[PDB]
Amino acid sequence: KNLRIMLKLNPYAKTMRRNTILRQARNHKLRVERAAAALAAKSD
Amino acid sequence: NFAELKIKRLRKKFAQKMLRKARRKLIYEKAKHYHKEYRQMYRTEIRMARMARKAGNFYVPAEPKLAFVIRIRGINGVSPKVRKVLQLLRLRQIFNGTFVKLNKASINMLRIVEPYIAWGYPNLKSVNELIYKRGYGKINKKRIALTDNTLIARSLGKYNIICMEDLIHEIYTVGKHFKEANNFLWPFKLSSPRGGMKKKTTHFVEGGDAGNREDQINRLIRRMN
Amino acid sequence: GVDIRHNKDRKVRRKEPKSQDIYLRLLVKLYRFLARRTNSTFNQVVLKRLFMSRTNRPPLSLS
Amino acid sequence: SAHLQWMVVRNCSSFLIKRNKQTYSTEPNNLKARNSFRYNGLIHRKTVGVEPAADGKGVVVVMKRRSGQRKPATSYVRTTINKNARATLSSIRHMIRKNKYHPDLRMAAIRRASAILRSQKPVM
Amino acid sequence: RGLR
Amino acid sequence: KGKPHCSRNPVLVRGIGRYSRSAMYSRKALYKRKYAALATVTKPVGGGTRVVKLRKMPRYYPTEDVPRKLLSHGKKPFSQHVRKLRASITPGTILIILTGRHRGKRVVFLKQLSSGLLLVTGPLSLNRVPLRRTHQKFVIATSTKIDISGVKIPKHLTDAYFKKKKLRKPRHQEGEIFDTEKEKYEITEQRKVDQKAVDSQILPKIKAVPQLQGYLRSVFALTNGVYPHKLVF
Amino acid sequence: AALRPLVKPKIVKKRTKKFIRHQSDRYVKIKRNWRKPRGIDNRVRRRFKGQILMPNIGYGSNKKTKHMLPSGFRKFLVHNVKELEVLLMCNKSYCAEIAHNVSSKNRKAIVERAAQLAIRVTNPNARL
RNA sequence: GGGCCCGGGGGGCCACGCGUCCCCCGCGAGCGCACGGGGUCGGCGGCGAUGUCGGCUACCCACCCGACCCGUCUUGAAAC
RNA sequence: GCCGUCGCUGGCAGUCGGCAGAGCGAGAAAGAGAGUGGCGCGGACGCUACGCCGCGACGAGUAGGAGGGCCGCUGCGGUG
Ligand SMILES: [Mg+2]
Ligand SMILES: [Mg+2]
Ligand SMILES: [Mg+2]
Ligand SMILES: [Mg+2]
Ligand SMILES: [Mg+2]
Ligand SMILES: [Mg+2]
Ligand SMILES: [Mg+2]
Ligand SMILES: [Mg+2]
Ligand SMILES: [Mg+2]
Ligand SMILES: [Mg+2]
Ligand SMILES: [Mg+2]
Ligand SMILES: [Mg+2]
Ligand SMILES: [Mg+2]
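Chains as they are written, first to last, in PDB author numbering: chain C, 320 to 363; chain F, 23 to 247; chain Q, 2 to 64; chain r, 2 to 125; chain b, 114 to 117; chain E, 41 to 77, 92 to 100, 105 to 291; chain e, 2 to 129.
Certain hints may be false.
Unchecked claim - Keeping only pairs whose Cα atoms sit at most 25 angstroms apart, straight-line, the calculated DSS-like set for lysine-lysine is:
#	chain 1	residue 1	chain 2	residue 2
1	F	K35	C	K327
2	e	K19	e	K32
3	F	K39	C	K333
4	C	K327	F	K103
5	e	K50	e	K76
6	F	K87	C	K320
7	Q	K12	F	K160
8	E	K127	e	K32
9	e	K50	e	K67
10	C	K348	F	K43
11	r	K58	e	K109
12	F	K164	Q	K12
13	F	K211	C	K333
14	F	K35	E	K134
15	F	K155	C	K320
16	C	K320	F	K35
17	e	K50	r	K22
18	F	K164	Q	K16
19	F	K43	E	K142
20	e	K109	e	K83
21	C	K320	E	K254
22	r	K33	e	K32
23	C	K320	E	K134
24	F	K164	Q	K9
25	F	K87	C	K327
26	F	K34	F	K87
27	F	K39	E	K74
28	F	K103	F	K180
29	r	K22	e	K11
30	E	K74	F	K34
31	E	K74	F	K47
32	C	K320	F	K147
33	e	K106	e	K76
34	r	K47	Q	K30
35	E	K134	F	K39
36	r	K33	e	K65
37	F	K34	F	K54
Quick caveat, the hints were computed from the structure, so don't treat them as lab data.
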């Protein structure tokens, strides 16, 4: 629960956590792209 | 003078500032290589089953090397043979937990003490939650909380275990210095199972709590740790 | 509760001399200092022997 | 020697006073008045005392000279400082530091020479 | 020396 | 003499930057930024010159002093604390007071002050609640908002402007002689002109919504069979 | 004009009531002073439920605030004027309590001194 | 899949020096911010001189839960 | 969180101050060693060492044992 104690013990968890946040904002942007390309597939 | 002794002491204070950057870089690229190890050992356990389902055969996964044992009974009314084994497993207290590598001589003890423990095969996330949150080291015969990597390096250093990540890797992937790494860890003291036990006095296959719940030890760890 | 046994928890060694003389309680001060502040396991043996009773440190003969 | 006769005076003195879980000492030149090897005013070779001046105002400072050690009559020297509250606390400070005379007692001597000045002002 |  | 620049990496989450260490190095272009290598005062006197010492030694030393204390890092003064605000409260929102003398009175939220206290003012001619501060915890945010974006709230309505002022009238010799009780709070002509100016811009918007003025004039109160958890306000 | 202590911490006491003796209520020969009951069938020393309690060592007071009066001062019995100078360098942490026997002619010239020395007296209006 | 994803021809790297020999083909200063070796506010408001403020203990009373009379011999005592 | 016991046979004589230079928590047996040639006069506390301080673990108990009582009673030698 403490970011900088996790970086005091495991300095890699900083990039392990910057990933899976970028990767997640981009997978949620891919999903909202599919799901907003299909609202034009049942409208066209 | 003292202009010489000053710049000298500052050279010492700079070598001790570079010997730390070199070690944080080592710890970093170590954890970065354990991420790769765990990713491989995970993806290849799925390969080795898809290549058997393509041909029609079966892949029997390797029997697990590491177990996590939890004591689910009190100290009031224990046989002497079960009280000697619950103390060679260092489970001298209810809800204590420890890691145990499996073989014939170990399973045959987890069979003797079966009605008193609820052991199983820990996930990797469960060894993470355990080592990080409930991780204490038996330093100088003192239960010292693992707050910095210089508490692990100072004792397990001679085995090239110098960070909480080398410790997790040594526990998860049962290593050459497993006896020493697992014995450096003061046995974990876990709280009561949130939600609650099913039935403490009967085996897990009898719809209870005791015995071996191979995969399902992690569901208990999350509600106990 | 934990199932330990406290039968042997109290180690019975001598923490200090039982005598009350002040030419011994000053030697024990000097050697307790040398014992803790040096890394020579000689002073530690001299200190641990200055505690011992009159029957545990016996006399030596000149021969 | 100091540590020798302290191992004799530590418990069977006549200035020692033991009640209410405290243990003070009534030695002549003991400042902070507490029973300790460091502050005992009779054991050492060089002590310091800060008494109030016999009249209303001033603070006397009692150093113990080195030469006369078994001669109680000609052993102590006394100097009455009847000055303002600050010069006397820079004179005791110099008396101790610049002389390098039992230097771990200086802040104790100032803290006492201030209690005297405070206990010699007009009350309210 | 590398950073000089 | 380099002009200050803002952070070159947006904060993805608190404590973690958007770019990595190498990315930051490249962005900062550090590859081409390698660098390598009182108390006394003389003052004339009427004789000669005196070396006056500043902050001379104290004239008193108490018998005992409290030892210093360890150093913390995560504790900051209230003035430097971060002021939170629930999303349910926005400018022009209708709020209900529950603890102040204006119990159960509906007011029109204006803005949030620097300290954190909500600067609110119900129409004085309707509910008699002028420009005043109210804590956000002790106020219920009604789900009824009115456009108040076009309202130039005077800048001088700071926390200091709304801070209390001790009457400082316990007694004196003059007062003991010609006693005048303990004074009162005489509404400054400034607090009155500001209240009138704010009302002149708020009332026209409130009157636009039908029955809104009557609702504000009313007082919220629980009745039989009414439970706060069962009704949305 | 109260003479404040050095520091006034928060005093917390794990128990306030006295420890009465077993069955000190049915009888008058049994005083309230505590005596650990050592009988075989006794219900107090078996620690039954709802019975009288026993002075364990767990009830000990915080060492930082042990023996400390509600005025943030510790205490000292003072039998005469000379025993104040012993207390003049402990001014802001200990107080004086003139004994019960010191007559009022001396107790007046004791409170008089302790006023100059700023030493706090717990019974300064004692006898008069 | 593994081999630093062996070798040839749009995003992330705890990679970013010059001078060779060579197989693989020891000190840069500053300046701040903080999930960082256990709480601070450089935040406030109310009342207070003949009726009110504080007093956990100690006197009486009320109520809820607990609660069998101690010593003793005894395998076992509140014991008919 | 607090009290206590046990263990670390733990730490502290380094309060080394204008005869000064303020350190020994740090992953890696051992020197902040010597020499030999290319203004303002300033700096909290401590240390009854039978003292003070830091860390962990522990805490039932009849018969019985041991220790510590600045718990109490009466007289004696000293001393207040
Ligand atoms: Mg049972
Ligand atoms: Mg629940
Ligand atoms: Mg059973
Ligand atoms: Mg226990
Ligand atoms: Mg026992
Ligand atoms: Mg024993
Ligand atoms: Mg009975
Ligand atoms: Mg019985
Ligand atoms: Mg009942
Ligand atoms: Mg009987
Ligand atoms: Mg019978
Ligand atoms: Mg019967
Ligand atoms: Mg016990």
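Structure-based check of all given hints:
1. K35/F with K327/C: 21 angstroms, holds
2. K19/e with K32/e: Since the Cα atoms of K19/e and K32/e sit roughly 13 angstroms apart, the hinted pair holds (cutoff 25 angstroms).
3. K39/F with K333/C: Judged against 25 angstroms, a Cα distance of about 22 angstroms means the pair holds.
4. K327/C with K103/F: 44 angstroms, violated
5. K50/e with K76/e: With a Cα-Cα distance of about 38 angstroms, the restraint between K50/e and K76/e is violated, given a limit of 25 angstroms.
6. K87/F with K320/C: 30 angstroms, violated
7. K12/Q with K160/F: 21 angstroms, holds
8. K127/E with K32/e: 48 angstroms, violated
9. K50/e with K67/e: Roughly 30 angstroms between the alpha carbons, so the hint for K50/e and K67/e is violated.
10. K348/C with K43/F: 38 angstroms, violated
11. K58/r with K109/e: Satisfied, since the Cα-Cα distance of roughly 23 angstroms is no more than 25 angstroms.
12. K164/F with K12/Q: Distance ~18 angstroms between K164/F and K12/Q Cα, so the pair holds.
13. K211/F with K333/C: Given that 25 angstroms is the threshold and the Cα spacing comes to 29 angstroms, the pair is violated.
14. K35/F with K134/E: 32 angstroms, violated
15. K155/F with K320/C: Status holds; Cα separation ~10 angstroms.
16. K320/C with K35/F: Distance ~33 angstroms between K320/C and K35/F Cα, so the pair is violated.
17. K50/e with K22/r: The hint is violated at about 36 angstroms.
18. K164/F with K16/Q: Given that 25 angstroms is the threshold and the Cα spacing comes to 22 angstroms, the pair holds.
19. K43/F with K142/E: 39 angstroms, violated
20. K109/e with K83/e: Holds, because 14 angstroms separates the two Cα atoms, which is no more than 25 angstroms.
21. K320/C with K254/E: 51 angstroms, violated
22. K33/r with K32/e: Judged against 25 angstroms, a Cα distance of about 43 angstroms means the pair is violated.
23. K320/C with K134/E: Holds, at about 22 angstroms.
24. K164/F with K9/Q: 18 angstroms, holds
25. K87/F with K327/C: Violated - the C-alpha atoms of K327/C and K87/F are around 30 angstroms apart, more than 25 angstroms.
26. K34/F with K87/F: This hinted pair is violated, its Cα atoms lying about 46 angstroms apart.
27. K39/F with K74/E: 19 angstroms, holds
28. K103/F with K180/F: 36 angstroms, violated
29. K22/r with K11/e: 21 angstroms, holds
30. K74/E with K34/F: 23 angstroms, holds
31. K74/E with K47/F: Status holds; Cα separation ~21 angstroms.
32. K320/C with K147/F: Within the cut-off at roughly 15 angstroms; holds.
33. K106/e with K76/e: 22 angstroms, holds
34. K47/r with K30/Q: 23 angstroms, holds
35. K134/E with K39/F: 30 angstroms, violated
36. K33/r with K65/e: The hint holds at about 21 angstroms.
37. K34/F with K54/F: 30 angstroms, violated
Comparing the model with each numbered hint stated earlier shows that hints 4, 5, 6, 8, 9, 10, 13, 14, 16, 17, 19, 21, 22, 25, 26, 28, 35, 37 do not hold.
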